[PDB]
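Shown below, as structure tokens, is a lone chain in the form solved without the named molecule; questions about how it binds or moves come after it.
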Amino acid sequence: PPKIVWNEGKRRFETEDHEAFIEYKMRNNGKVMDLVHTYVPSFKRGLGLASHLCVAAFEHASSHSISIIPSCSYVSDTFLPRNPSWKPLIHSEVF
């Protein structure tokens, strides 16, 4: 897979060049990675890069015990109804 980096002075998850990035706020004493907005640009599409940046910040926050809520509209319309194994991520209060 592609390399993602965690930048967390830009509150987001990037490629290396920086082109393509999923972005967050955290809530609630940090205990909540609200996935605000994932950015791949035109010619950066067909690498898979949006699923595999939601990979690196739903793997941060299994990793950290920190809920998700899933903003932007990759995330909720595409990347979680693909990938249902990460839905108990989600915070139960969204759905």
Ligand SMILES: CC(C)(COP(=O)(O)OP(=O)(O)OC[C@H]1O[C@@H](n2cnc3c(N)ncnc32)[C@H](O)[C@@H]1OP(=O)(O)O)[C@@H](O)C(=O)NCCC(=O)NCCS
The other form holds:
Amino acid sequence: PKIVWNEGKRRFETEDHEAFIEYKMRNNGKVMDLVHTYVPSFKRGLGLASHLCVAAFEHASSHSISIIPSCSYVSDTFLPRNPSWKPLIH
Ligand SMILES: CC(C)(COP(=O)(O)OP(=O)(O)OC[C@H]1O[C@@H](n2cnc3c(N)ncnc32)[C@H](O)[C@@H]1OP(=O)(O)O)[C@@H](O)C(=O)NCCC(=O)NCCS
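Next block, the form deposited with the named molecule bound, ref. the form solved without the named molecule:
Complete assembly follows, chain above in first position.
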């Protein structure tokens, strides 16, 4: 699954632009707020949103940025299933 970083749309997304996680940067680029995840119906229940989240966390982590998990997929599903990411959380 090729996920890319589209800075201009503030998202990490599949190459076809169809599935994405959108963020807003806060505190002068120090905090990435994950605000909305969307996977289209035909591609759901297969782990795609999880891979989108991993792309965003790895990005935040390599750049020394912390995360706000505003999006309910992130706080309610991804983090509980992946607690080793919780130190990234603002
Ligand atoms: C939420 C969404 C991105 C998940 O995509 P996905 O690729 O199907 O997600 P994954 O396969 O990684 O994980 C599926 C898990 O998502 C969880 N989930 C589904 N909807 C959720 C929601 N709105 N909030 C918290 N988690 C949700 C379920 O627990 C599901 O677990 P299961 O394996 O027991 O069915 C996708 O269903 C979607 O685009 N929904 C509409 C937009 C939305 O409500 N986004 C959340 C707020 S930003």
